[PDB]
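Spelled out, the chains give:
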Amino acid sequence: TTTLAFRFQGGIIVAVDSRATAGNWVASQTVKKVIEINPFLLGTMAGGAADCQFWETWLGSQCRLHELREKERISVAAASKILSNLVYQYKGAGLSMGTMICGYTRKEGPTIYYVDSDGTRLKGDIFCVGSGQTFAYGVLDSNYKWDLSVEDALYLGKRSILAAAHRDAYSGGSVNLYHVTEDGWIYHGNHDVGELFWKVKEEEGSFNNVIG
Amino acid sequence: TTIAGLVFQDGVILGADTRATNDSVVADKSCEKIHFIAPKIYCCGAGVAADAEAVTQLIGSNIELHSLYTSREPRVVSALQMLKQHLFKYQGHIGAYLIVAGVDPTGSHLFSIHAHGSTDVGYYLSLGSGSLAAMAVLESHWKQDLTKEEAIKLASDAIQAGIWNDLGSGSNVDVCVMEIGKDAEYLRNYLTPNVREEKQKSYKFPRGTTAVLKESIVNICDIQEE
Amino acid sequence: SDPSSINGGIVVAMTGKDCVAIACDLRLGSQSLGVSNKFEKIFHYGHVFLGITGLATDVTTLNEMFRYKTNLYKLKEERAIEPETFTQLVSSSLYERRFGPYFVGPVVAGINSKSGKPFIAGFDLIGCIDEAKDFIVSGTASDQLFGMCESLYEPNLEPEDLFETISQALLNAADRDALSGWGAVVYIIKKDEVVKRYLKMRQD
Amino acid sequence: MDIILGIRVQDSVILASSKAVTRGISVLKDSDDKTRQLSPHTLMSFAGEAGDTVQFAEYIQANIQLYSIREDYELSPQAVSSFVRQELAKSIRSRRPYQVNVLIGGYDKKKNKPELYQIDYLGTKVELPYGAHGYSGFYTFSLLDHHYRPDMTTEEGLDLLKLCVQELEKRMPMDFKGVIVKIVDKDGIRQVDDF
Amino acid sequence: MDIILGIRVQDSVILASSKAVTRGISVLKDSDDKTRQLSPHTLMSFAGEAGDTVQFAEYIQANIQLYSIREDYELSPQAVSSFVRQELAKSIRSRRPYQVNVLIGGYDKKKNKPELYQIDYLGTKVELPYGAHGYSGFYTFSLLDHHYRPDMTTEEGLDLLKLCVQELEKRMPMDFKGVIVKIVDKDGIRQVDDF
Amino acid sequence: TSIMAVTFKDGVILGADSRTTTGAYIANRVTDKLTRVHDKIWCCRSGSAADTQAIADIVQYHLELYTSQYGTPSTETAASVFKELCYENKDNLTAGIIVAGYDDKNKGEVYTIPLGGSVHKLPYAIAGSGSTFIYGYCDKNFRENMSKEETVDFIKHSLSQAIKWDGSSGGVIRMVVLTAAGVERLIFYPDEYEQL
Amino acid sequence: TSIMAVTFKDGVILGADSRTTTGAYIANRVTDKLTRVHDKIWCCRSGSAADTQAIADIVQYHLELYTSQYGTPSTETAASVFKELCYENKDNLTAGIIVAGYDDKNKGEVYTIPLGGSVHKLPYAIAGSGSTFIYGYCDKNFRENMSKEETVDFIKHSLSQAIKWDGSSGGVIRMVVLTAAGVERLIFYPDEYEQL
Amino acid sequence: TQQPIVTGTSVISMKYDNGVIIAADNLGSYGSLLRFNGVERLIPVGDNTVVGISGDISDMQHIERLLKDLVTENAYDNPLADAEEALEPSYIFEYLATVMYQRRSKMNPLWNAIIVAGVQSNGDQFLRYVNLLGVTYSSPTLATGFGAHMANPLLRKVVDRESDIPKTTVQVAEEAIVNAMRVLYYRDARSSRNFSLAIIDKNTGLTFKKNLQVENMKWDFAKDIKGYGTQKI
Amino acid sequence: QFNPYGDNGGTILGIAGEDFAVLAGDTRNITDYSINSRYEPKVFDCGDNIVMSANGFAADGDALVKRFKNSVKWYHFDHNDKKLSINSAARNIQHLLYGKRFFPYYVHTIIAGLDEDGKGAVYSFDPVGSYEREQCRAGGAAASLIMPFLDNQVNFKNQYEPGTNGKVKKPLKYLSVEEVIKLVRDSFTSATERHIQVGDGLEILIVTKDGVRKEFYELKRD
Ligand SMILES: *[C@@H](CS(C)(=O)=O)[C@H](Cc1ccc(CN)cc1)NC(=O)[C@@H](NC(=O)[C@H](CC(C)C)NC(=O)[C@@H](Cc1ccccc1)N=[N+]=[N-])[C@@H](C)O
Ligand SMILES: *[C@@H](CS(C)(=O)=O)[C@H](Cc1ccc(CN)cc1)NC(=O)[C@@H](NC(=O)[C@H](CC(C)C)NC(=O)[C@@H](Cc1ccccc1)N=[N+]=[N-])[C@@H](C)O
Ligand SMILES: [Mg+2]
Ligand SMILES: [Mg+2]
Ligand SMILES: [Mg+2]
Ligand SMILES: [Mg+2]
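Chains as they are written, first to last, in the entry's author numbering: chain Y, 1 to 212; chain H, 1 to 226; chain I, 1 to 204; chain J, 1 to 195; chain X, 1 to 195; chain N, 1 to 196; chain b, 1 to 196; chain a, 1 to 233; chain Z, 1 to 222.
Chain Y on its own, in the form it takes in the complex:
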């Protein structure tokens, strides 16, 4: 599991891998680790598959109830805090979640909140979560600037997940990309690592450690 989200000039990039494991058994290569809470809100999933999927789906219901009651879109801060206050009630029971709540609102601008199952809630510009986080951080921190093109930022997020997919045994399958703007989130496709890796190797001239 490698998930990442970073803020830049043109909004937020969100990229995740698509692998789920039971120990060393690769259960799936086609898992969805991004939940579309609404047209302006995204949640990323790391840790327990069930815990994330259940509570982030529940979060979407709570975000919907907010906009029915208040006639207004829920803030990223408020949405992230509903989830963080929930997991905090369950603290010690053994929930396992590492998550990022990413969205745009007019009052906040583009915002990313890291939330996890031991109750931590952090606002920030860059986050990587999961067993492959360190690998993603390596690529991301080196080529990160505030003012990337949307095209370059989408590539960096994709490339950072690829880097982790390669090195981290528990990350892989495919890369799912999102871009969050003023107008909402936009899906930028599912990219199979088995085809992407070779494509990137040839075009970029990277991965010289590999027999190709």
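These aren't lab readings, by the way, just hints derived from the structure by calculation. Be a bit skeptical, because a hint or two may be false.
Stated by the list, open to error - Straight-line Cα separation of at most 27 Å, DSSO-like style, residue types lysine-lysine; simulated pairs:
(1) J:19 - J:177
(2) a:232 - N:148
(3) Z:220 - a:167
(4) a:68 - b:121
(5) J:182 - J:162
(6) I:133 - H:199
(7) J:162 - J:177
(8) Y:123 - Y:32
(9) J:29 - X:162
(10) X:29 - J:177
(11) X:170 - J:162
(12) J:186 - J:162
(13) a:226 - N:156
(14) I:69 - I:114
(15) J:113 - Y:201
(16) Z:83 - Z:69
(17) H:204 - Z:170
(18) H:148 - a:226
(19) Z:169 - Z:119
(20) Z:167 - Y:201
(21) H:89 - a:232
(22) N:156 - N:9
(23) J:182 - X:170
(24) I:38 - J:110
(25) Z:214 - H:199
(26) Y:145 - Y:158
(27) I:114 - I:133
(28) Z:169 - Y:201
Go by the hints and put chains H, I, J, X, N, b, a and Z with the ligands onto chain Y.
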């Protein structure tokens, strides 16, 4: 594993299934659990497979050297005594459970040996995870003065009981018949009740299906020479 | 903690018509961290091939040990060791470390130079021999390989067909194991020619 | 000991090794050299349990230096790494094993090639274009996967190494007090005094 | 959370708190403010177990802010610290205690005096001229014992605090990514943006 | 296991059940627990079968070598050799052995050697898991200088009760009679002893 | 502890030793383990003294309240109340109780309630640590429809052996006779029963 | 959570052409002590069902009372209690299976293995197993404890699959059960010679046989067995 | 200590076709090395053209299926006999499973049916209710043996067009019901050979627009 031994009119017979396992997976569908010690002394093995194999081979080797030294046919009690003293020494850490049977100048014999070095004498015995299934059959049908034809039937039935009802046991039935005044006859794949059925499809691929990065010839010979 | 699944990797061997095939992945890791994508697990001593999965320090140590022993064998016997004899040598050498064993899953493959008979064998970490007509599997994705082999395999395959079968058995098994993959090698072995092929596979 | 990196470029091997020595609560030293010269063209960096690291390094150093005097000849990096691996592989089944991981960077004067070997405390040897031990690799391998080329110069190798150290200084929790960097090439071993 | 310091000088209280947030392997953030304003002249810094720290701080903040609206009056630092102590002392015999240590720095507008309270997760309260939680005090108290005077200016208090942070940056193993410093005086709370 | 040795006028009788269990499974229902270390020195074995067999085999070896050099050993001598093995290896053994033998000088003698490796010379002895249930019965019904037929009945009735209550005991009741006349083996089947 | 209840022609007799131990120390050498839950329904207690006293006190309360409403309870009813407490609180109790009583309709009845909280109606019952040593003796010597004098001798001889072999048992043998004639207490001292 | 104290061993059973047979010995063991020799572990419910129980005897006695109470409760306001609204084997089983699974789910199980044998209204054979975990299964032969390991192999030689049921008569089925009980007496250290057997037939109804004994026992070969290896005398 | 869980073995397999779906499972039920039953149905028709199996600990599996069947019944009562769609069934099963998050159902659950466009659908759940729609899924003891084979034969993984070097993948196709059943039968025959807990019989439930049909095949009984 289902191994068994029983005596009949002028001999002793051993039986064994042919399944080797690693926890829940079947490693081998045709393995020989009836080990050779001497020409007319055989050993059914259960427990740790390497241990049962190693301990029978070692005692078989020492029995051969003893036989040469003494100019005599080896006795089953010698194999028994040597096996138990070895196993006792290691305090069960060699996890071999054995049924030893054979013919010698004293007569026909049938013993069992446990991993800690205890031995039993019996007219019919069974060991391994299928021992209870086998012993149920042996307790129902064994009698004194069995003919060879009845003995092979009963032994194979006892092993079959284990094959069908025990998950640890399976595949085929091996038998070894040791009769007085005759060559021991070893009957591997005596029964074959578990042949795999013909498959629905052939999964043979079109050639070039697999993507290949490099090819090279391996030099396996000594010295390419001038 | 479990030594046989720290480094990861797999070996599979198959028989065909007047040929054998042995294949392995190329990964070496420290649990989740991938370290090397060039760690070959198949070695050869004359015409006898040995694949070894398990703890990588023991894979290397045993290769060096069997090179040592087969070199001395050849000097004294004045001929290369045969697969049937080498199988017994592997078993002997593993069992002598019964109470402090090497954490490995060896696989012997080769053609007997005199009889021309294809031969494969597998072992547990303490030397119990599994001599198979059809195929042998080993490593962290052994369950996956058992499933692939048991359905894909048919007897008496020609060398170039057998290559496709063993390759597809390895590749699809490796892709369902976190600790295997990162490249693969397949040896096709005939009585007096051996072809080695590196496979293109997904690098995650 | 914490971070040890290695990178093999066109004509040299570069080893970077952290300076901090921490015993529990306090940082006792911030200028520790976690390396020994085994022969004029072979350098070994090391990290692991306190005491065992230096004891092992110096023991290897003495044996290689003894070989050099006896034969009036420098062992190849490959031969040294095989010797080191066997000592660790012997160690792991001892009463008390050496808990030491090493990188061996050497220039093979016969083949005119730099060579980098990574060996862990179990005796697990691998030849690599770039290597690390412990948690360092989790951050640095993804960078090196991206930026590495086999035909890089020594200056390009040092710039790529600065990028690795910056990433470690950003994302690792422990203050490892910077790195001592050493280059191994055809002319021998030298220390980059400003890094 | 790692290092939180406090120093009470002549006419103000200065709280310094580390910026790092580390979850195991990685440093997730390097700009974290480990403090909440409880009232206009009372600041509480905090450190302890993840989640519990902020949950507790914000819970105290809400209660003090509720008191302020109800009575149209600011509670004294002493009163706030006694409230906080009781909440922690109640907590320690709960099903799941708050693992949070705090410093409360406040300016008492009635007495015209700065006040620094140190309270640990058990509910152990002490008024001090200078205080710390966790391993910070092991390094910093000996300095403050040497250099502290009660009549120091705020600028002298900040220089003395730089000397504390430099010592921590030299001798502590963890990279705590520097400190956010805040001053509490008669005019309220302000952040020193360059430190 | 239920085992006993009883001295009487003409000599001594050893008695035992025939059940060997691995937990609740009966591994052998026709075990012979009465084992010969010398012509007229026998023993009853209880505890680990491996341990008691290993000991008995060593004692038989020692007494065979004793006989070659010094002539027939006393029952006391046999008990001493059993003791020496049991006591010196007490940390690695689970053996409870009753030694019984016939001299012409000393007549019938019984020695019991429990877990610790102590020796106790007694008129009769009982041991094994099933012995707990017959302490009362045996104490009330034992007399010194019984006849052969009385001693066979005493053992048969005793072990019948031990078998009845102990799950670890069962099968046939084997006995071995040791007198000047020689060595007699007796067997008694369930249909005989259960109806007592 | 050695306790037993034995039905006979005229009714039932309960018997017990008088020893209470804390480890190897004898805390009380003259304990009364025969306890009254109703006029002619008594019980013998074994296991935790606290637990068996607490249970017996509750049963006595229930049967007193039963008697006020519905008249004299049956022995079966008393056993059922004991069972209900023992079974429902099996996780927190260590109680092994024998219930014995005399009706005129049913005559002498004995119910045993072991650790689990099961009930077993029997002609006679034995329990406590010292009972293991007399299973053999009691099975061989018990007859149905014995006289009072025979049943007193049977209990006296039985508990004498239990006391002899069990360290946890000892002291005086107390007995309580339950017949149509009434309730008779008997006591037997060491100098009487040891020489049996 | 508890541990079983007084216990009952194997219950064995099988289907035959017109009904079902079930059997169980009369012993209540107290560990290795063969404490209670008169314990009935087959408990009939009406004239169409027999519930055979192994495991903890105090929990068995509780279940026995639940079934007795179930018959009472079914009779309440039920004019067809002895006809169309009588208790079926399937009803009795599903009740027990519900209880067993509920009790395990509160971490306080009834420490038993239960086989419900009977014949339904339409003449169909009913035979189903349930245990302390609430695990349930049906098969032409069923057995608990040691019976699973020793009786099933013997009974499966008579009825190996569903199609063998119509071919199996009551004499052949009872013979197989009685032989299996002898085998268990030879080999189970916590078994007894005395047992009860129940036949539930769709034509002849419920036949309950008490005080049966294992007979025709082979012990004679024991006399020739001497020592543990080398001993001749 | 009392252990509330057990392992009854078995293996199950769901495959989604173009206008159909299959859910297969072996009929063997085991504990440790004993066979409990050679024919104990594991795959159930739940109504509304949905088939379900919960493989693992059979008591938890039976409980879950029983609760879902009841959930279908109450969905009809509460929502005017509306057909429970396969996607709605799946979400309902997540909540059933997650309700016992801190005392889980020890089962791997698979359901099969048709989606609201008439296309074949398979859904698969972990023990605590994480789920995913899949084209292909094996669960239980021999899932590790069967899944790689299905990756290769159903989804055509690692298979390339011959002569294209290795740059055109074998194109994805829907399989016919006859082809799927051949792959199901060969998967279970293979799994029976190498896994001791798999055998006795194979029961396949096929779901089409016409309804739920059954097929049974013998497997090796050793
Ligand atoms: C990677 C997270 S990691 C290993 O920490 O880097 C992924 C992320 C992820 C996020 C969302 C989703 C949504 N479907 C999937 C994956 N997480 C995992 O792979 C976790 N895996 C699980 O939770 C798996 C999931 C199944 C589908 C393989 N399940 C289990 O690990 C256990 C659950 C279980 C619960 C009770 C009793 C027994 C088992 N089971 N199984 N089988 C991560 C934990 O690996
Ligand atoms: C049945 C034994 S049972 C199930 O206990 O009744 C068979 C008996 C047997 C005897 C001999 C031979 C061949 N000569 C085959 C079978 N035993 C087994 O199948 C054993 N299997 C093993 O021992 C396997 C064998 C390998 C070849 C699959 N080895 C292991 O399972 C373990 C062995 C091991 C044990 C202790 C320490 C290290 C290793 N290993 N691995 N890896 C029986 C164990 O199942
Ligand atoms: Mg990977
Ligand atoms: Mg892989
Ligand atoms: Mg008995
Ligand atoms: Mg099978």
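Checked hints:
1. The hinted pair formed by residue 19 (chain J) and residue 177 (chain J) meets the criterion: a straight-line CA distance of about 6 Å does not exceed 27 Å.
2. Proximity of residue 232 (chain a) to residue 148 (chain N) is assessed by CA-CA distance (about 24 Å); at most 27 Å being required, the pair is judged to hold.
3. Taking the CA atoms of residue 220 (chain Z) and residue 167 (chain a), the gap is about 23 Å. The hint holds against a cut of 27 Å.
4. Taking the CA atoms of residue 68 (chain a) and residue 121 (chain b), the gap is near 19 Å; set against the 27 Å cutoff, the hint holds.
5. Among the hinted pairs, residue 182 (chain J) with residue 162 (chain J) is consistent with the structure: their alpha-carbon atoms are about 13 Å apart, no more than 27 Å.
6. For a cut-off of 27 Å, the pair hint linking residue 133 (chain I) to residue 199 (chain H) stands: about 18 Å separates their Cα positions.
7. A hinted pair counts as satisfied when its Cα atoms are at most 27 Å apart, and residue 162 (chain J) with residue 177 (chain J) qualifies at roughly 14 Å.
8. The hinted pair formed by residue 123 (chain Y) and residue 32 (chain Y) meets the criterion: a straight-line CA distance of about 24 Å does not exceed 27 Å.
9. The suggested pairing of residue 29 (chain J) with residue 162 (chain X) holds, with an alpha-carbon distance near 21 Å, which does not exceed 27 Å.
10. Between the alpha carbons of residue 29 (chain X) and residue 177 (chain J) the distance comes to roughly 20 Å, so the proposed pair stays at or under 27 Å and holds.
11. About 22 Å separates the Cα atoms of residue 170 (chain X) and residue 162 (chain J), which keeps this hinted pair within 27 Å; it holds.
12. For the proposed pair residue 186 (chain J) and residue 162 (chain J), the alpha carbon gap of about 23 Å is at most 27 Å, so the pair holds.
13. This hinted pair checks out: residue 226 (chain a) and residue 156 (chain N) have alpha carbons roughly 20 Å apart, not beyond 27 Å.
14. Between residue 69 (chain I) and residue 114 (chain I) the CA atoms are separated by roughly 21 Å; this keeps the pair inside 27 Å, and the hint holds.
15. Between the alpha carbons of residue 113 (chain J) and residue 201 (chain Y) the distance comes to roughly 25 Å, so the proposed pair stays at or under 27 Å and holds.
16. Simply put, residue 83 (chain Z) and residue 69 (chain Z) have alpha-carbon atoms about 13 Å apart, close enough for the 27 Å limit, and the pair holds.
17. This hinted pair checks out: residue 204 (chain H) and residue 170 (chain Z) have alpha carbons roughly 15 Å apart, not beyond 27 Å.
18. Proximity of residue 148 (chain H) to residue 226 (chain a) is assessed by CA-CA distance (about 24 Å); at most 27 Å being required, the pair is judged to hold.
19. This hinted pair checks out: residue 169 (chain Z) and residue 119 (chain Z) have alpha carbons roughly 24 Å apart, not beyond 27 Å.
20. Simply put, residue 167 (chain Z) and residue 201 (chain Y) have alpha-carbon atoms about 15 Å apart, close enough for the 27 Å limit, and the pair holds.
21. A threshold of 27 Å between alpha carbons decides the hint, and for residue 89 (chain H) with residue 232 (chain a) the separation of about 25 Å falls inside it, so the pair holds.
22. Taken as a hint, the residue 156 (chain N) and residue 9 (chain N) pair is honoured in the structure, with Cα atoms around 18 Å apart against an allowance of 27 Å.
23. Restraint check: the Cα-Cα separation between residue 182 (chain J) and residue 170 (chain X) comes to about 25 Å, which is no more than 27 Å; the hinted pair holds.
24. For a cut-off of 27 Å, the pair hint linking residue 38 (chain I) to residue 110 (chain J) stands: about 24 Å separates their Cα positions.
25. A distance of roughly 21 Å separates the Cα atoms of residue 214 (chain Z) and residue 199 (chain H); the hinted pair therefore holds under the 27 Å criterion.
26. Restraint check for residue 145 (chain Y) and residue 158 (chain Y): satisfied, since their Cα atoms lie roughly 16 Å apart, inside the 27 Å limit.
27. Under the criterion of a C-alpha separation no larger than 27 Å, the hint pairing residue 114 (chain I) with residue 133 (chain I) is consistent with the structure, at around 19 Å.
28. The hinted pair formed by residue 169 (chain Z) and residue 201 (chain Y) meets the criterion: a straight-line CA distance of about 19 Å does not exceed 27 Å.
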